[PDB]
Amino acid sequence: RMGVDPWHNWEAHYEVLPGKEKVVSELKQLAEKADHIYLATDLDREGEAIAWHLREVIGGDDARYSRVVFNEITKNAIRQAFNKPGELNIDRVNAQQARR
Amino acid sequence: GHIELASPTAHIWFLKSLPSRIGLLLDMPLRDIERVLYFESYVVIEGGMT
Amino acid sequence: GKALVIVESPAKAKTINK
Amino acid sequence: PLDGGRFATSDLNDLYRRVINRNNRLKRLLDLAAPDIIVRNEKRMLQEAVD
DNA sequence: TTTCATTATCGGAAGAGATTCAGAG
RNA sequence: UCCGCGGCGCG
DNA sequence: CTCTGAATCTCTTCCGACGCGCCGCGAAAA
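Protein chains in written order, with the authors' numbering: chain V, 70 to 169; chain S, 103 to 152; chain U, 2 to 19; chain Y, 254 to 304.
Read the hints as simulated data drawn from the structure, not as lab findings.
Check each hint, because a few of them may be wrong.
For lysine-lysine, the following DSSO-like pairs were computed, each having C-alpha atoms within a straight-line distance of at most 27 Å [as the list claims (entries may be wrong)]:
(1) V:89 / U:19
(2) V:97 / U:19
(3) U:3 / U:15
(4) V:153 / Y:280
(5) V:91 / U:3
(6) U:15 / V:153
(7) U:3 / U:13
(8) U:19 / V:144
(9) V:153 / V:102
(10) U:15 / V:89
(11) V:102 / V:89
Could you build all of it, start to finish, from the sequences and the hints given here?
Rendered as structure tokens:
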């Protein structure tokens with residue numbers, strides 16, 4: 070029922086939301102056309118986790134994924150986004166998993 | 103100058119210039135050579151008990 | 002090829018794609 | 254040097270430029286482990302450019 | 001049967017390949 | 001400012 | 001009756017004088 074086992078080193082059982090089937094499905098078909106996938110969710114731990122879940126639902130290889138953060142809508146921002154990017158942070162992700 | 107390519111590619115003359123030197127060297131018809139070259143099929147380099 | 006970008010809010014996406 | 258600051262060029266320049274574009278595109282695609290479909294398509298395009 | 005928080009809604013000729021027809025066993 | 005193309009005419 | 005080899009067809013590949021005046025065009029990028 071919980072979807073997590075406190076007695077087995079916190080192994081969990083995530084599963085797509087009963088109302089996001091379409092959303093997740095469209096990314097899977099669209100993923101082949103895209104060369105390099107850019108996860109641009111919020112920099113906080115919740116956003117970081119959404120990025121982590123996307124990466125594990127779309128599959129592929131780590132190198133095919135990149136993490137970018139958009140400052141503002143201004144071109145002086147959407148540009149710098151792909152300029153000095155990075156990848157997802159595990160510590161941040163695990164912090165959110167701990168809270169959840 | 104020179105350019106170094108990520109993946110090799112054939113030289114057009116040795117295929118289109120009839121008779122195809124490549125095909126007759128390989129004892130394979132040119133049609134198949136074209137199909138594999140432009141990535142329409144696969145060909146077996148090595149097969150043992152397969 | 003084409004790059005795939007993913008954000009959280011749809012409204013924000015439409016704005017980024019622009 | 255054409256009049257008005259423009260230029261007249263041989264087609265060879267266009268062919269070489271297209272080949273360079275395809276080659277650099279292929280390498281930048283390859284170095285990040287893209288799905289096989291697009292890499293094969295771009296390899297085919299590069300072969301076409303060479304031809 | 002059942003509880004939590006989070007995110008955001010031309011024509012002509014030659015050559016090569018493929019197909020078919022006739023002769024043999 | 002060196003090139004190519006399109007048309008026209010001369011033999 | 002069934003297969004193999006040669007002929008026949010279909011598809012592909014080349015190549016169609018040589019000089020020389022004119023004319024007016026070619027390309028843009030953020």
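**Prompt:** Does the structure break any of the earlier hints, and which numbers would those be?
**Reply:** none
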